[PDB]
Amino acid sequence: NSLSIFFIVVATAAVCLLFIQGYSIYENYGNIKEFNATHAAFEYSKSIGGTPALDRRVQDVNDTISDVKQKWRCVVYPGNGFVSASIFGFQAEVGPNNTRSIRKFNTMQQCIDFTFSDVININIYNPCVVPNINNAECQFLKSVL
Amino acid sequence: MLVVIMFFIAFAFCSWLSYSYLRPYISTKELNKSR
Amino acid sequence: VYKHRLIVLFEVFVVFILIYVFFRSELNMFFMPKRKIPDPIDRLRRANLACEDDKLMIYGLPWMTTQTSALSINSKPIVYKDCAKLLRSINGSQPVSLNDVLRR
Amino acid sequence: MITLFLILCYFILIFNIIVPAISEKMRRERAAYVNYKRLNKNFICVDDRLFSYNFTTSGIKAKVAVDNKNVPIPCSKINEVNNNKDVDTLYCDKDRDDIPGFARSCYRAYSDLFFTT
Amino acid sequence: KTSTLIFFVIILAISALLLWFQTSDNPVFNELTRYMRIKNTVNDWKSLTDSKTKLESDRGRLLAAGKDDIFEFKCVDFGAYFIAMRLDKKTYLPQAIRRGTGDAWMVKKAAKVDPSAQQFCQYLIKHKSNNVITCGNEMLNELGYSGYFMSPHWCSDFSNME
Amino acid sequence: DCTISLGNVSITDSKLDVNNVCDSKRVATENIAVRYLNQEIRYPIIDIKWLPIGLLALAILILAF
Amino acid sequence: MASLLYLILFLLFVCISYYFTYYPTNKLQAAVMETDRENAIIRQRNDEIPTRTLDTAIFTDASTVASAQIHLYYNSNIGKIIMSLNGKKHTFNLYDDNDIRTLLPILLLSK
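Residue numbers (full-length UniProt numbering), protein chains in the order written: chain U, 2 to 146; chain Z, 1 to 35; chain S, 25 to 128; chain V, 1 to 117; chain Y, 28 to 189; chain A, 68 to 132; chain E, 1 to 111.
Derived by calculation from the structure, the hints in this document are not laboratory data. Backbone N, C-alpha and C define an ideal beta-carbon position, used for all residues, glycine too. Just to be clear, a hint being listed does not mean it is correct.
[Stated by the list, open to error] The following label-pair restraints were derived from C-beta to C-beta distances: (1) A:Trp117 x Y:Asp71: 20 to 26 Å; (2) U:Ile21 x Y:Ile33: 25 to 31 Å; (3) U:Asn32 x Y:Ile37: 29 to 35 Å.
[To be verified] Examples of chain Y residues toward chain U, derived with CB under 8 Å: (4) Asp95; (5) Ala144; (6) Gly171.
Isolated chain U (complex conformation):
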């Protein structure tokens, strides 16, 4: 009859543990609620990949561009302020005949604001392409990159 006694004691242990857990939960449910509320970030860390957390909702162009020349920068145009330059060409504006003309910024901050703003304002002006070719501008663009 040893097996019957063992079964009785183990089932009693299970039931008693259930009752102890139930009463402890009943008395400490609020306490564990504030413990979890004040330690919510401790449940799962944001470094599940072994890397620092990255918010995909905030878009950054530098994450994918692996070529420096393809990036847009602000460079000092000699004697005419600052311009936005890249391997594609200068950021331009509409000319008198819907053409492309290099737009020039007074200060570095204005150029940075225009270049890196969330507003899509890309207007390529390649000075080395056949339709619009300028030897001095193309040389300057190739040298400054």
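We have chain U already, so just place chains Z, S, V, Y, A and E on it with the hints.
What follows is chains Z, S, V, Y, A and E alone, placed relative to chain U:
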């Protein structure tokens, strides 16, 4: 005989509970039909 | 009773159905070996200092078959009149690899 | 009454071990998939590679964009992969030893899903 | 015979109740699982992070003596990326411009000399500076890791003495 | 102008108090600095993954019937 | 016969319950556990290099050797060793041949 009937009744009830709780999360047709 | 055994078999069948439908990729990932993480210092574990004549050399480096001298702080090849005495006073006559140094 | 005990064990197994496991798995992975689909990007840059995800009855499955030679497309081409519709993809479920660091890339692809959750 | 069947039915009923408890998105079940995870993480990291944060607060309060512009965002180059960092006035701890609800906004560089990353970092300093993240206690309470024991990281000691 | 230049210090289960004090101010020796220990009491909640197995325990009473 | 089948079924039960209790069943759990495993590997690899102060023989020139006490910080995630000597930090890349040829005599002459 009674064991079989009781087990089938409880199995059906538990399967119904699980299906009712997990249909919104396992019905992948909703995601496929949505673009 | 045979019906109870059939019920147990049906339950096992349902368990296998659920595991096959849902946890197939998990089981295959469990069966396969783990993912090896590269060790930058693993290839240096067989490196032991042993100097021929008076020039300090490094042996046991596989990817550099030729005898590679030992450089100093200012990147000068090490030539020492008492290299053998220094090595004997450091670890003894028997050569010591980097693995033995790390396990000290 | 060994057989009734076995019936009890297997019933408990299913409905208190496997079905709750399915529940947690599906809830977590469905939330991850919905968060992914909220990005409005067909391919995302994980571990210098382009990963897409799809939701099936077994859960969320990740795939990597590759070219005609089964070489993964770098992230620098992401803009021309999202606009594409017939991208060749390799599923992360099947291990491929020819691609260097494939297991790590698929690992980090699965890990970047669970940012919010 | 009847007692065995009654116990059988009772066990199946308790199994159904436990199944409902587990698969119904219960508040108690969720709180208990969350507590099981959170307690282990807290035991692992909280006190060590607090001690390290106090140490770096002392270090940065020593460092800020005699300097007036140390509490202004400067774009620090971390080798592979830029980070807009200043020194927090209240805690004298490193502070960085945050990216949404994630970590600091690390502006990746495509080469050693990347003017575009520098300029985008300056743009963040001018525009996106309203959201900030601090090493140590704040990072641990917001992201689940402190950053002092992960490398490479802009809060870690190895990345800052390299 | 007073400086302390220690070398390799290695202390175990002890206290190190480098004062380098060179003014009229007197360091508060054996002044026990007590803070508010905002201790968070852990509770004896067994991982609820035990809930199925415990049920199995109850189940084995059917072996004794 | 019946006893063998019942034991086999019970052992299958125990194995499946053990797997579903102590092994990952979704991508979140698998990612968390692999994070923990990789972190443990990195930590033990970093702990292989003795972080306590160690006495070495360091060649300040081609033919001059001096006893010195150094500190080593190993980061295997990026593969670099920072040696604090005379209060100055020297960073050695473990993927560079010259850095290896400079650092290895320092490590192998330690005592």
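Evaluated hints:
no. : hint                           : verdict
1   : A:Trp117 x Y:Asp71: 20 to 26 Å : 22 Å, holds
2   : U:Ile21 x Y:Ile33: 25 to 31 Å  : 26 Å, holds
3   : U:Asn32 x Y:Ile37: 29 to 35 Å  : 33 Å, holds
4   : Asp95                          : 22 Å, violated
5   : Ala144                         : 6 Å, holds
6   : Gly171                         : 3 Å, holds
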